[PDB]
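Shown next as structure tokens: one chain only, the form deposited in one PDB entry.
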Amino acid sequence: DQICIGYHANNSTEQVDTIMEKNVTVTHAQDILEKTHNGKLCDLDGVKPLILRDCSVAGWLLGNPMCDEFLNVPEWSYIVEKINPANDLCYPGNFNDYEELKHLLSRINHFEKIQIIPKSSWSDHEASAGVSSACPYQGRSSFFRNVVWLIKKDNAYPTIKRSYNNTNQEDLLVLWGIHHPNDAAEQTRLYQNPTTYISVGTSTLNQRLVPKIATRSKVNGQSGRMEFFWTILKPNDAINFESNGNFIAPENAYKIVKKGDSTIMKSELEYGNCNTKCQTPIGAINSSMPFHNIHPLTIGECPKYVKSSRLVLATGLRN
């Protein structure tokens, strides 16, 4: 007769680490780190992202003719942009405070685009000749859709005085620009007046722009430049434009209809026809693990990100 006390053992080779020890073999272990993703961009809890494809945010908002897919997008959960989108500012130049605009955009889920100044409302200026080979569309010179490049008419450019009052309940994102020509001859050829300005006023905006003539390298075939500007026009406020040349006028503007948690994700992936609770720029996660190491920039209900390659808890005894 002999009773004795002992513990369980098996033929497993799963190992765990301790403060004082490493690579200790155990009978049982619990992995708590998610290392897999589906490699796709998905809907976030039923709401599809805005996938810009080869278009940038600037290309979308100004209406680069190559970006017509995005003229009136529905509500999005997040925005996806490539690292270097091919369709950006077709006519070369820049977008003032672009990064601050993108920051605001990261808190918006939906715009409603509206016409605020009809192209047909320009009686004393030419509104249908503002095109460039830098902005092709179906084999011909075109231009951004949401703004209008006005030029002289009958060898004259009268002083523009135009106001728009935001009679809507929503904040309104308004865009306009200035053309920086190549030389004095080009200036008089397009606008007649040799010395010009654009003034813009709201309750907070106090802008007066003057074009800069300079000799510049060709970009997309053109040495001219367009510089774009934006403001948020509050409900019941009005925006007042005055100009005697070089004015790239608003046509369409964006009502801010829904704000919420969003983000602009940088990714090369396309839409994956899926749904998820957790998106990263390289793939979606569906896991009950407390941790993951897929990518630090996630959106949705996710596990906590760590840089670890392995994270395993001991549950059973030594083996």
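Residue numbers count along the first chain shown, from 1. Shifts are known only where both forms have a C-alpha. Take the two forms, find the largest set of C-alpha atoms that superpose within 1.5 Å, and that set is the rigid core. First, how it differs from the form deposited in another entry.
- Core-superposed comparison between these two forms: CA of residue 9 displaced by 2 Å or more.
- Core-superposed difference between these two forms: one segment of three or more residues with every CA shifted 2 Å or more, namely 1-13.
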Second form
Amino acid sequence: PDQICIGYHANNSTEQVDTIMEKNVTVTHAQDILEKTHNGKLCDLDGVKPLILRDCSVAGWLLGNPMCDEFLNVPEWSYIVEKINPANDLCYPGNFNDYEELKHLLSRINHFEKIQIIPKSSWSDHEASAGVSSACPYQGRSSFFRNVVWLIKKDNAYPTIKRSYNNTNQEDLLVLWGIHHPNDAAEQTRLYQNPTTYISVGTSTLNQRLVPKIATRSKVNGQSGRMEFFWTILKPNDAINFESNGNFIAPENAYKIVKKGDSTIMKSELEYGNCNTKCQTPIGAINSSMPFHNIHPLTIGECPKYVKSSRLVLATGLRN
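Swap state to the form deposited in another entry from the form deposited in one PDB entry:
We keep it simple here and write out only the one chain, dropping partners and molecules.
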């Protein structure tokens, strides 16, 4: 007796998927769509090495903390890597003004060319070679930030400084400077002679006048003094004009912003890994064609979409 029947594919695939009203349901085929594995290291991003700051912070890098000499004139980078709590920061204690806003600009920048805008030899009526502190050691001795100069009085006098610099470059220029807050009236005249001092800084947008704040402070890295640092972007054809009769930590070097583009500041404890990748997270690089991953929320490059799912599998075949 002749016959024909309708049936379907079955096999020994134990692989399971979930649905709205049915957990752990076995199917003949199932497509995983989530990537859970990473290579565990920090890589070049499509052939461009990152700037690994090791034990230095951004502030320590840019101001020129003596411990940070590896980073004096760094090459172009894809991303920047910094530790969560870096050792080499403001060696002389104090603060970096508008620091996180500076950092935010830095995540859109891929390369600096550091240039000398005020020579250390150019200070003829001030002492420019003794601005050092045991707070900033270098090879067993007192030193200081490399890109700014702590000037003091010369021959019991501090003449009023008037310096200008016109940015005759085609690029934007990050310019840094600071002020020293001394411990007391005696320190003030010992270092700068004049008891009442200021620092004027103007550009086309900046109109700044700083006065030192004397107070009695706890020792940080052996110092009760403080330095407060500032910055601005000096546009092509604008000029920055400094004036001061004391407490001025003057610019020596500044930074031409030579490459802008996609970048970021990752927090990571990892060191460089000698690998290349299309996708970096702070905890590992990723090499995948999956649409989703669950490694880390913060990534850069050609990456899949992050989810917090532990598991994500699509049903493809029939029930089994």
